[PDB]
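A single chain comes next, written as structure tokens; it is the form deposited in one PDB entry.
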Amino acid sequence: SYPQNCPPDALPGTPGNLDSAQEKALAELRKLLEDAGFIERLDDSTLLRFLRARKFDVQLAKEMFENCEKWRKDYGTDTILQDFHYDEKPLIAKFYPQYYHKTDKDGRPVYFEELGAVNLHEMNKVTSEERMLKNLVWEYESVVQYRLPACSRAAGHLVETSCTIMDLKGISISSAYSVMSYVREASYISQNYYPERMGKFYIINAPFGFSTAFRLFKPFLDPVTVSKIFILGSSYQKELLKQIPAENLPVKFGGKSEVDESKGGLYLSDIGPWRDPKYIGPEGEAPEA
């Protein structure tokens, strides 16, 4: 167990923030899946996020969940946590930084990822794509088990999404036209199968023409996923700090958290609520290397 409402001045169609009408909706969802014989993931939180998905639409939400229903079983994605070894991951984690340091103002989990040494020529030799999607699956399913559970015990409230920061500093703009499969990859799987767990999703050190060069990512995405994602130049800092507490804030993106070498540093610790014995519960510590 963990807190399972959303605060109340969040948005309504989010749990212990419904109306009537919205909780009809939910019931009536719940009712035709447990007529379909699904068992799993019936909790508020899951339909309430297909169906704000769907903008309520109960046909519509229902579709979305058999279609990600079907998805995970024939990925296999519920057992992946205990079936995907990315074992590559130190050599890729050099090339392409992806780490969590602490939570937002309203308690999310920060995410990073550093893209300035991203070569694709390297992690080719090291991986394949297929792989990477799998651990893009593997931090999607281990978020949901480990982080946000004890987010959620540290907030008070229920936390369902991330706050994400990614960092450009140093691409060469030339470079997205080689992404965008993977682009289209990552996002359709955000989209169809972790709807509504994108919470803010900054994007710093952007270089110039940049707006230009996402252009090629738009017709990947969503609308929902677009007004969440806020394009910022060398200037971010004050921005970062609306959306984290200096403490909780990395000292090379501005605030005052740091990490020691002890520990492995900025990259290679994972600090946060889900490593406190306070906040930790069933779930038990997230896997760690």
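By rigid core we mean the largest C-alpha set that fits within 1.5 Å across both forms. Numbering follows the first chain given and starts at 1. What changes on going to the form deposited in another entry:
- Once both forms are overlaid on the rigid core, the distance between the two CA positions of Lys218 between these two forms is 2 angstroms or more.
- Put the two forms on the same core and the Cα of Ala117 is off by 2 Å or more between these two forms.
- If you fit the rigid core between these two forms, you'll see the Cα of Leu18 move by less than 2 angstroms.
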Second form
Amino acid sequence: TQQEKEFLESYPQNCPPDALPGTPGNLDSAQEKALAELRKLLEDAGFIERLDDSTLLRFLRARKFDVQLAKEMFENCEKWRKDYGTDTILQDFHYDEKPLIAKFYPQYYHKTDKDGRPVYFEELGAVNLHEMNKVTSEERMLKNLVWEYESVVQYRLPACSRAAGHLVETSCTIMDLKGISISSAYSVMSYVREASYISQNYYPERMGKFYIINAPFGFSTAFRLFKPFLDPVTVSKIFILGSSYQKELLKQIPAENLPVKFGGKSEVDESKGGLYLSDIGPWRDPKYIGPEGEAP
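Could you present the same protein in the form deposited in another entry, rather than the form deposited in one PDB entry shown above?
Below: the lone chain, stripped of partners and molecules.
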């Protein structure tokens, strides 16, 4: 439609030249041929939405540029979007529980990284599902996850792209394991498995950086010993850190963007919900909000 054209022209469209190959603005002739092919197949099948360069190149990158497999992945995602109701979830779903249960599984976005990525915080080690299940269900926790993802697509990434001066496609995740136990790890395992399935199949190439902090000794030790056998791309994206994580985070996230509790300088009003109920970032700055309007 013409409104989506205005939306896609409302923010920078190119990744920086030193980003990964196959990203927007950094295609060779082979990759460019694959995008046009993939696009032709999907139009011929009757798809109209989500055929912009950024979306298609993400599915291509997830399947090593195999057009047929990327089309299959796109078709699986679109089927889920119809069954789950994802295209209207921002209107349909209302997580009014959140103020009651946020402290039992803290999840919040807060500002951006040095590359413009919105930073997502998950205090998994604090999880208390026994108390969380008094108020809400796992199905509603997953709806809230998809709601956030959709809010990242529609609102946070376009604002982050404008604030950074280049296309921003991905998040930066900080997962805090402080307080995790074997018991609580098993309790959250079903949720995490569902979340990962959704992320990997329906949001490919949206993970930019993933930091685990306060990892227990045995978990941390395994990654240290197997890091040499891991893809150097993987090693640049995924970090398993112990209790001295502050300096590593500050290399990735400006001090004024990183919350105090994690070694930064960024502060929020603890009397008005604190970080758990906050959603601070460029997507709340009118200078960086385009025709999509401001996020809910």
